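Required output: the full structure, derived from the provided sequences and hints.
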Amino acid sequence: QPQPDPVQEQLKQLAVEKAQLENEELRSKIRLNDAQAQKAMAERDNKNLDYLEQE
Amino acid sequence: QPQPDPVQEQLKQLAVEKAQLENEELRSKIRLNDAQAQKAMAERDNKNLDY
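Line order of the protein sequences matches chains B and C. If you want the entry's author numbering, it's the position in the first sequence, counting the first as 1, plus 611. If you want the entry's author numbering, it's the position in the second sequence, counting the first as 1, plus 611.
All clues given are correct.
A few chain C residues facing chain B, derived, Cβ under 10 Å:
1) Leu625
2) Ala626
3) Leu632
4) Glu633
5) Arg638
6) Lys640
7) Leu643
8) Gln649
9) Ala651
10) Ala653
11) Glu654
Okay, derived cross-link-like pairs now, EDC-like style, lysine to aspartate or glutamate, Cα gap no bigger than 20 Å in a straight line:
12) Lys623/C / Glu633/C
13) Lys658/C / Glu654/B
14) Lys658/C / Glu666/B
15) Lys650/C / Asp661/C
16) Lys650/C / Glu666/B
17) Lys658/B / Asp656/C
18) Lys640/B / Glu628/B
19) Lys623/B / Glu633/B
Since the hints were derived computationally from the structure, they do not count as laboratory data. Cβ atoms here follow ideal geometry from the backbone N, Cα and C, with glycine treated the same way.
Set out below in structure tokens:
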């Protein structure tokens, strides 16, 4: 019967957690990109209102 | 009969998930770039009015 080694099993578990955390990081990044998109949109709308008022 | 390995199935599912999420990353980048371009257009219109 083969004799197990805790190091490899623990490292494999850590690798799986790392993959999950990478996916969560990608979701956080897409959230940031979207939020900055609406921020820029709001700034544009304010500038257009300023243009209409100043004209 | 082959003996399935649970870790490999989870790894393949995680790889599929990452492949799915990269496309959303690209679409979010496209939206952000379009928003910046539209802000630039608004600012150039304001500057032309000022001139």
